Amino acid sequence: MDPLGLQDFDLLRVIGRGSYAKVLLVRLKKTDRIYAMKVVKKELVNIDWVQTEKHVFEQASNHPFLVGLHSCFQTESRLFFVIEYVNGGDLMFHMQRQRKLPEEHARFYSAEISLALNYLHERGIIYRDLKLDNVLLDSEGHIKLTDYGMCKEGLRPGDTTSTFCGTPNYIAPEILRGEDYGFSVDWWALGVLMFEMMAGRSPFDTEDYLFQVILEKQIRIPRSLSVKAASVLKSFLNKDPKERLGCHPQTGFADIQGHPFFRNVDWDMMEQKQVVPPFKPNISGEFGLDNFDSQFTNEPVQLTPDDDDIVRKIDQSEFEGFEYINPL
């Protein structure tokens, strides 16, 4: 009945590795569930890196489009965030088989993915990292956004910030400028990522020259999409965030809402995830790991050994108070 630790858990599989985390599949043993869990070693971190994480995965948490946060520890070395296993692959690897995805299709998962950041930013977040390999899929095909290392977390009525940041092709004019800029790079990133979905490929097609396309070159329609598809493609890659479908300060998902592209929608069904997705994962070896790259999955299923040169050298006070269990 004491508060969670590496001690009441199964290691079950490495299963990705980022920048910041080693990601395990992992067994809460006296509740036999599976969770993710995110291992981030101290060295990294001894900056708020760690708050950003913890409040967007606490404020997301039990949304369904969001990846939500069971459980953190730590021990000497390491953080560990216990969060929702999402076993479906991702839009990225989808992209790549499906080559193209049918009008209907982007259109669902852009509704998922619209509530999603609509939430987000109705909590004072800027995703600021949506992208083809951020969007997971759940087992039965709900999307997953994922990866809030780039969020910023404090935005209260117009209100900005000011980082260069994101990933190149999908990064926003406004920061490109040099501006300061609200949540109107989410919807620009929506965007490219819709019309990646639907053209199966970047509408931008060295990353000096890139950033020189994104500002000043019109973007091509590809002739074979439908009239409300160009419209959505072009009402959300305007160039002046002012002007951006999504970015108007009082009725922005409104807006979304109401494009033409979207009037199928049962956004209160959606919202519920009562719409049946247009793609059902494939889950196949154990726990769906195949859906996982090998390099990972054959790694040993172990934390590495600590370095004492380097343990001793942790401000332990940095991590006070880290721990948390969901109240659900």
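Positions refer to the first chain, counted from 1. Rigid core: the largest C-alpha set superposing within 1.5 Å between the two forms. First, how it differs from the form deposited in another entry.
After superposition on the rigid core, the Cα of residue 142 moves by less than 2 Å between these two forms. When the rigid core is held fixed, the Cα atom of residue 273 travels less than 2 angstroms between these two forms. Once both forms are overlaid on the rigid core, the distance between the two CA positions of residue 75 between these two forms is 2 angstroms or more.
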The other form holds:
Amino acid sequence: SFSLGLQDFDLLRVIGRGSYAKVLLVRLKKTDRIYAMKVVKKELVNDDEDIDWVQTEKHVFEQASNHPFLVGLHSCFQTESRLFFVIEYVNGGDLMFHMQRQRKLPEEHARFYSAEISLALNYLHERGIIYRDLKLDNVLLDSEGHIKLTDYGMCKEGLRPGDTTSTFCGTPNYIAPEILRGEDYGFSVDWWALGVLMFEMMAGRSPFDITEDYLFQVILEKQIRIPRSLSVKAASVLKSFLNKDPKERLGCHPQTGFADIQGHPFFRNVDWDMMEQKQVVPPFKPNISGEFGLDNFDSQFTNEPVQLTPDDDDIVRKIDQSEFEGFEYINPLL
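Next up, can you give the form deposited in another entry of this protein, since the form deposited in one PDB entry came first?
The following holds one chain only.
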């Protein structure tokens, strides 16, 4: 068999966790190459809806290999209890960690990161994919200071330009008003989330800081007021992304959407074509210190025992193993 397995890897360190997975730093033994490894437990895969998101995450990961600002896939494999995605390791850490250390970013830095995120999102949208979980934790910095979006498990695939979907999902701080109101929605919810993230970068706090029922109420009702020290163009771009009407929000018009972003005065100094080729030097260079650059990862993770949690045999033996037939994959472009 062509496929790799767990025994082809050395487990080095735990580097992250979210609601659905554990992420480890790993070494591919035969090549001495370092990767990240996303680990999902099969017991969490209950229904067809859970199989759906795993398969969607795999498929988006595959497509990610074609764009500079999305994390690509090296290989996929499984054991009795788990599913594994081996993906490229990005050792500058995430923007959550960056914001905790920096507190607030100059407009130029936010402009650079948001333009690269915009290009990543547009690539997904052009291909019929809504991202649906943009947040500080899901934006990674590479060694050179360019970003990559990761975590495709919330994605909706298969949407033609005017199509919509209706699943209530996302991260509450970043969830768009149209979702909270229960409307069918499109790519608009990603542009809203970018507005929130940009406000976070430039102001140093969420615009909705404050039970989640109360947060939802605030998102639906508050009109955001921009801190007076930001420039007119920075204020303008934030307000436009944070329009509560998706039909009027910047980036969301079905014909002019992404052009309206590119042409906004906030983004005037961006050469979009050079940027998408990584020919623009980043405004910040990550410090790669500690083994494998691990100092760029929160010590709450890097202090964890480097382990996959022992299985409950009674649970594992009841798992339908046929639903992941053909999960094994290796990227043929190395």
